[PDB]
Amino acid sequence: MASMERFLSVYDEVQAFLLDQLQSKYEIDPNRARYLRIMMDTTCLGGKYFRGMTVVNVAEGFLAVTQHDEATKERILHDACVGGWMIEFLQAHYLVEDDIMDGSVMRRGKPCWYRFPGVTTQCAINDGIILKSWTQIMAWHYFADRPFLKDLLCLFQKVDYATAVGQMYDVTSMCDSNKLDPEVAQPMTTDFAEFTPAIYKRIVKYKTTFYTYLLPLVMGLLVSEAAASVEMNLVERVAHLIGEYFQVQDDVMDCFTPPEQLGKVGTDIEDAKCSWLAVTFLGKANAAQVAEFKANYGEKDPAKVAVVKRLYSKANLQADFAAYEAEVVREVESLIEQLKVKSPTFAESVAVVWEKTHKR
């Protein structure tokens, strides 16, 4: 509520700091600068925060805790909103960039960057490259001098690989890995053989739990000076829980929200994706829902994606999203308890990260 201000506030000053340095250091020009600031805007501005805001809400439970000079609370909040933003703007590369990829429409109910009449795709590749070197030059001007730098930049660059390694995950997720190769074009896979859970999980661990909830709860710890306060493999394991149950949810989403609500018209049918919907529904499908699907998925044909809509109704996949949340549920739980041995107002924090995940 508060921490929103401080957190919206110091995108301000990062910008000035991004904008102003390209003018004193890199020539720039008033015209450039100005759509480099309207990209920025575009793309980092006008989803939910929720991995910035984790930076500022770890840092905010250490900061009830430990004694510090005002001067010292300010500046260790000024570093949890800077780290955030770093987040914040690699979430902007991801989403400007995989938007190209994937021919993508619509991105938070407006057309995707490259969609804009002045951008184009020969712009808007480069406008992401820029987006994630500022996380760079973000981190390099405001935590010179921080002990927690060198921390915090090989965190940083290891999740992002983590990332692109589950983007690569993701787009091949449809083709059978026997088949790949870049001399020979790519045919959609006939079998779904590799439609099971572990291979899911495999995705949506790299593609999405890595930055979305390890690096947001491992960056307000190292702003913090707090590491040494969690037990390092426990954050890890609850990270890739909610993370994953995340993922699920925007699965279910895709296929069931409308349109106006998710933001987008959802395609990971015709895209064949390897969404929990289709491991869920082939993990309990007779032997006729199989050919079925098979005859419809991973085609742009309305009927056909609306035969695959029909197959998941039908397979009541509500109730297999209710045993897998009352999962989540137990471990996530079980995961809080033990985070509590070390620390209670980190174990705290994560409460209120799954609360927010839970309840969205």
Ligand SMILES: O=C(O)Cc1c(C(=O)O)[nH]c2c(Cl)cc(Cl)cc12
Contents of the next structure:
There are 2 protein chains.
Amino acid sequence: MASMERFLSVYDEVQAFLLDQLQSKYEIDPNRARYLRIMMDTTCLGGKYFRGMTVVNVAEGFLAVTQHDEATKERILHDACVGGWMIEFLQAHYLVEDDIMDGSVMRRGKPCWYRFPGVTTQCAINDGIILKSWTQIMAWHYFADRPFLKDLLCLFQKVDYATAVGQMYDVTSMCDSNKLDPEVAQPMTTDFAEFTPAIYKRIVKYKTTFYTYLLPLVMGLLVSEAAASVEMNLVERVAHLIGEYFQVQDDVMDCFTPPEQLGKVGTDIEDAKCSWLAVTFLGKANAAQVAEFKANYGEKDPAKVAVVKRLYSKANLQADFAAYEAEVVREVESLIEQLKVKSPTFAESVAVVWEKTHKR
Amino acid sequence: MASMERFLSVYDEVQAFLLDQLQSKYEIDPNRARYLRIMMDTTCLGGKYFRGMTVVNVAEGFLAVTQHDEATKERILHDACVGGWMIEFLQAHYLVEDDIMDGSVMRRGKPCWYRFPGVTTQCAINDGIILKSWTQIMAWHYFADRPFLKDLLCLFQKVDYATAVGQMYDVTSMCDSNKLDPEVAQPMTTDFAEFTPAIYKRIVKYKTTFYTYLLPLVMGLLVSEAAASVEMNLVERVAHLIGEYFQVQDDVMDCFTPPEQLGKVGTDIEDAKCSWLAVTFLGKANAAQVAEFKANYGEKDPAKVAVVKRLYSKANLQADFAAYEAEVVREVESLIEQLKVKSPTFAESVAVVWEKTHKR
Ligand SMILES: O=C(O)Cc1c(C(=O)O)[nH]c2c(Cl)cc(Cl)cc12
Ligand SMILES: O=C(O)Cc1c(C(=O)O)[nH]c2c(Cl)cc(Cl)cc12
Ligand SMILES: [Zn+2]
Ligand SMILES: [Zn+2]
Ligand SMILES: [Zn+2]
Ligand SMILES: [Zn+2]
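Having gone through the form solved without this ligand, I am curious about the other one (the form solved in complex with this ligand); can you provide its structure?
Full assembly next; the chain just shown is listed first.
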């Protein structure tokens, strides 16, 4: 059976299980079950399923080199799909909540969930809560007797916590750290002293890389009972390297990909985000360019946004991206080589993950 | 050592552990650690600690009748305090998110967390996420080697899910179920056919009783390794009975307790909530009283709110509350008697929980 089709069939199974349990154990009525079914479909489906499919791909890699009964191969693939959906539902939770936190308008070419007429923020915050609760219901039901259940739940909660910490790093990245104070309304920075490569790397590591690359790779190893087969420090290093590149691509797309292709009107400039473009620009700008950036960044005014986009184009940030990309290709290839010492199979899944990221 | 003082000392220990881990493993800077320390204090402290202290009280009950080394008694009490704080932090998560969902103004005589000038909804949604993530960090750290870890995490995630389902039942209680639809803005009911005792009991059971009574009682049994000592079906029945009474008290207080004592301006009438007062009023009103209720309920207009409060006073709902209370006293005493068959100690903790609820 083809990987994507198995993955999508498992979504139907998981959905039916969750909705049937709400009826038999939670006293749900048919109308609220329908609302939750539509919420699950709208928030969980329509993406590329890159995170979920990475778990499946890692597990398939090991099945090709490990001896198992057919029933065991089916069980491992079904566990990889359920684990992959845990990650997709975790992402769905953070997209719902982040779109509300940021006042976003569109997501995946459609309105953000909270903007649906019959949803509203009052419901959407709780719907996002339910999405993450469903990841735990899935784990306890499908993996009840599995030897990896403890390790999987412990890893999943560390990654979820790291992600929430990353969201805090992201939403506060335009403020001066010494001025953070719940009692005082937060002004935007004027000096941009905290727009540095090291601070940018911390935001990205926590807000994206743990759940987008580390969790799918390690979940694939856990469902395969193959973690003792790899060097965990190399898995962490390669995940944080590919994840950073993935976020740099997203930051560039936010500013330069047309809204039809991107599926939204990007507002990182208006939001004064500590993006790869702003940090890189400040890393090469002269005094006049820095001054013009400070006078225009973080403002809703489209003329001020146009000035910032022009500064980025005039600063030839394409050259910096090509240099960054060449360095990442180099380091990712080095880590893949080190991963071959203990597992050529796992190093190959990492090469596939990299190729899919680099070529998207 | 006195129960409350041990419980509060453990808060300091848990706080220091969480903040120190953010520094050593999550690359946090001192300013963001301070923001999170103030967020934890503001959202977790200041209440009565009824839920957390129930875990401690149940564990103390068993220590009085069970043989243990002194070091074991200290370990069980410390585990009961950590488990009690898991529940208090879970409540802190739901209060932060519910205040944002409901547009609430005050909580515990102070502004709701999202209303603090340096917080905002953008941060507060994520702060509420972190509060629940901290419950899992606490469990995995303090209970890593405990025999009850699996049962405790499985119970905690079922209770959290039941609570989020309850929040959905609550926020949609003023809509007609057949009209629920993410695509269509939801009108308030005109017939109030879903304001019935059975529907009210479902909202309350899920939104309050699992986390306020069931979870503290069962967590006290788990940390004491005493679950096989009680009949779980009686624990569930007594928890859902006391929890319902607790919510009925809160619904009456929302409408009639002055804002200074309540710590907020109650708005259940304006919000068209399916409260004990509305269901009970509709259960005894004549046609004219029903018609006047329909013309005034669920409106911000203070004159319309005053009409509803007058209808409640004229309908002599105090008599219905006294009859409900007499019936609860009767059923709670019956369940306490049944609990004595297997454990006089546990039945006594249930009597204390009831006395604290009934006399508050
Ligand atoms: O390659 C693109 O996505 C398009 C693109 C444009 C542009 O469209 O003018 N400008 C860019 C700059 Cl300044 C930096 C980087 Cl890294 C990419 C681009
Ligand atoms: O006992 C109170 O909390 C006060 C109170 C008042 C009132 O203050 O007029 N009115 C009530 C009604 Cl209609 C029903 C119930 Cl059960 C209680 C009250
Ligand atoms: Zn965001
Ligand atoms: Zn972006
Ligand atoms: Zn609410
Ligand atoms: Zn209330």
